[PDB]
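Here's the letter readout for the chains.
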Amino acid sequence: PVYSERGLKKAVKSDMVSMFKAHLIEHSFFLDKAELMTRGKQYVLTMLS
Amino acid sequence: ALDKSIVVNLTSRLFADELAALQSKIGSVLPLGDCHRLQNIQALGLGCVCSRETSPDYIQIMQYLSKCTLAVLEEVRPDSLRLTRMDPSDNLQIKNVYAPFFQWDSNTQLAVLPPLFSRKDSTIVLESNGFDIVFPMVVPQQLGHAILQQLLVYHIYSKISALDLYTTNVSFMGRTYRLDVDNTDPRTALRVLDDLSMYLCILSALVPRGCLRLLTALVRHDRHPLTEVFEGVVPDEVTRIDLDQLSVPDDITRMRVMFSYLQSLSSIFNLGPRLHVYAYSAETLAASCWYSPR
Amino acid sequence: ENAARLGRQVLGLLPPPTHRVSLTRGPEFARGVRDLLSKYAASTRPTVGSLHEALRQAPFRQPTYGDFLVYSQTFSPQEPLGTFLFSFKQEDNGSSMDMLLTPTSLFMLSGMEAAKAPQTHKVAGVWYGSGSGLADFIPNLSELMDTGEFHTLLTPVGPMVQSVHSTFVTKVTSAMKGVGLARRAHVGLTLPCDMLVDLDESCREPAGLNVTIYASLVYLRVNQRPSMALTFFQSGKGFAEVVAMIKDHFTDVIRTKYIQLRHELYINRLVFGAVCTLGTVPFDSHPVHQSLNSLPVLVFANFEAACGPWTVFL
Amino acid sequence: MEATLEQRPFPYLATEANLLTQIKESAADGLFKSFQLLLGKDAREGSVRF
Amino acid sequence: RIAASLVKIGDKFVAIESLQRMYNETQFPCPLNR
Amino acid sequence: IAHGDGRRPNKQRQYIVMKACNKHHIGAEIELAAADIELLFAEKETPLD
Amino acid sequence: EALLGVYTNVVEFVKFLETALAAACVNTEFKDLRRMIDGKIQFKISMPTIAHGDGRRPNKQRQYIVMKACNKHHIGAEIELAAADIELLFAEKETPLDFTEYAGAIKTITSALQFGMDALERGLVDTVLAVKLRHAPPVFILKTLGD
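Going down the list, the protein sequences come from chains A, B, C, D, E, F and G. Residues in the first sequence are numbered from 198 upward in steps of one, following the deposited numbering. For reference, each letter of the second sequence is one residue, going 2 to 163, 174 to 305 in the deposited numbering. For reference, each letter of the third sequence is one residue, going 6 to 188, 192 to 211, 217 to 306, 311 to 331 in the deposited numbering. Residues in the fourth sequence are numbered from 1 upward in steps of one, following the deposited numbering. Residues in the fifth sequence are numbered from 361 upward in steps of one, following the deposited numbering. Residues in the sixth sequence are numbered from 100 upward in steps of one, following the deposited numbering. Residues in the seventh sequence are numbered from 51 upward in steps of one, following the deposited numbering.
Honestly, the hints are just simulated from the structure, not real lab data. We put the beta carbon where it would ideally sit given N, CA and C, even for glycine. Do not take every clue at face value.
[To be verified] Simulated restraints, written as ranges between beta carbons of each label pair:
id	chain 1	residue 1	chain 2	residue 2	range
1	E	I362	A	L242	38 to 48 Å
2	F	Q113	A	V209	55 to 65 Å
3	G	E137	F	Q113	12 to 22 Å
[What the hints assert, rightly or not] Calculated Cβ distances over 12 Å to all of chain G for the following chain C residues:
id	residue
4	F65
5	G116
6	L146
7	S240
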């Protein structure tokens, strides 16, 4: 709710579309990123929780 | 009975200097924003429309003033301001406080006006809070219209020129007063004058021919007490309409249509709301008026 | 037994008695003041019984209903309850009749264009099969629009409360002051969205106690014939602004009107419009959109009616 | 015949879960069809008639 | 009896609240989201 | 929340939400043979029958 | 056509004396706060000194007069009640359909009066948290002033 306490005006919607894109590039295919990450098994667990 | 009270919470304890300036203004009408009980100080006074950094627009302030709800101050604490408010028909007590003093009596009208004669006298600052309470002034209608008379004269001639005894001074009975029109925005005061120009070249288009002839039988022949602006020289345009004959069934329409555009000029010579005073006590300066908006 | 049930209903709706504290005796003053202060202290606490005692103080003024009597072909049986009512009183009829004009029935007398009114033109034709039964009862639908005297004949009345429609005579009850009680619910005034033009919409003005509804009746020409157009407005900006705001709405009409008056000048032709003051809606009570059979109709609540004389504007 | 909303005074039941999160926004941008707001003067049980 | 999640910070015991639940029910913005 | 700033305080609010069912249909298929239904009836023949 | 379920929120709130915020404030509930106008408690605070034997003038005891005041906070909750709601609160009832109509006016008023009483317990926790934030300077100012 911290993003939309004020209500979905025109500047909040634009501020969420930038966050659908930033979460789609980084955090997608998260179980395939666990091999290359040295941290690994704790990244999946904070993703899946 | 019903409740009507507006307490205004001071978020910081105001000083001892500016507490005496508020308590001198007790019983003074001031317009606030909303009709509910707990009110912020930044919606208390008239200072939202009469700033310091920008040029005050005395039409726009007065235009703003017949929108608002109006309240009467009753108690000034160092922590709070308690105000009763004004129902649209309720007998309420009021006090004559304002510094250009004018005598009131019973069966008079009053009208709430922007601080026209002195802006600095009305504005008292709360530097312990960051806001300035701008009081209006309440003035009877024979004087209250008379300032709107003199202010509409000023925005015509000062646009012609761009002198300070005729265009600015307001002649009350036995007194003259200077208006504070030095640094003003005229952009809405010319909007009223642009609305006069439509009615005034309509009232000139249907002047009755009989009333033009009653001047020419009186401006040079006899003495009337208020015709003395006109001397024995008649205007040059009155005789250049006199040249045709009189006719009653062409002047009944020129009076009926002239009758309706004089009712329409009460949308262009408006004061604010009215305060029907029914009692007055000069030993206390404490009247008791009867409120009516519009 | 059944007469005693009414004794409990009348004696439960009576006003509360005024406190009679005797100021001449010693102990009788002490026991009368104590019952003022044992009773205000039980009207201040937030318990339910203190709120149960607080509403019997009823300073209510009342609506004053007017009983009209209209021909049934100048007034539809399909009228929404809450329609505004006018009265056209040109002459003295031989019988005690009256002509009540709703704003969808005054659309057929006016003949204003359907580009202005797309939805109330389809409605005003399906209720009025020819438009002749209205226009036959006014013999001066051209001489009252030329001279500019039609607004002098209408008196505003109020919203509609009851419509007993019959074959030849329709009984119409209005509410001329106050909030009209149906005949039991409170009837709010219903205007179409086609006619009502807001002024409070914008891209911080004071939240005043009250907002008013005006009625403008505007003279103009269509098909090189005299006609008119009635619109409704809604704002609480005080009388000096709104008359200056209605002139901004009719900027496109006056500029297309005096192209013809620049040719020829009659003094019957100068008067243009008239603004009435219908009534006062309370602040921020938003109107609820409704549909009829699809007619967008704004119905208000707590609309008490007033009556202002028609003041000219131009 | 579609199913419609009705404001009749039903005997409503009590749920353990809260419902209040994101309701004020979801009226504006429609999370769900067929809702009706009720403000202060009109949020009550209607008078039963039949 | 008060319910609070206490944490030890060096030497002191300090409770930790979060009042965001009473502002998310009433749909007012929480004052700690400056 | 009732708080005493310069707000206009909110009255009591109320929402009403309507939900409805969603119908679903499932099909299946059985093809029985001709002679299967035919010889379901006659018996007391030879033990091969 | 069916009616498969009928459900409704029930609001519960942890009041002010059961939150952990009362570990940062002392709560002394007074009977009628409208009786006293301003609290003007005056303190006489005296600091200690170290006795030195250097060439300057000797150490004198010191007092500081600190004048702590009381800031008043006012809270209002508004409640709308319908006119037809309370017209049938006073009314005489005998049929069983008017007992279950009178139960709709006693469960509306007492639910609109636990509305305004709940809104004052939410107003305590707001107007303590608004006080704690108007007297909380940030770290970067106070870390070097606190040393």
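To see whether the hints hold, each was checked on the structure:
no. : hint                        : verdict
1   : E/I362 / A/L242: 38 to 48 Å : 32 Å, violated
2   : F/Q113 / A/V209: 55 to 65 Å : 26 Å, violated
3   : G/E137 / F/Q113: 12 to 22 Å : 21 Å, holds
4   : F65                         : 10 Å, violated
5   : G116                        : 43 Å, holds
6   : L146                        : 44 Å, holds
7   : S240                        : 44 Å, holds
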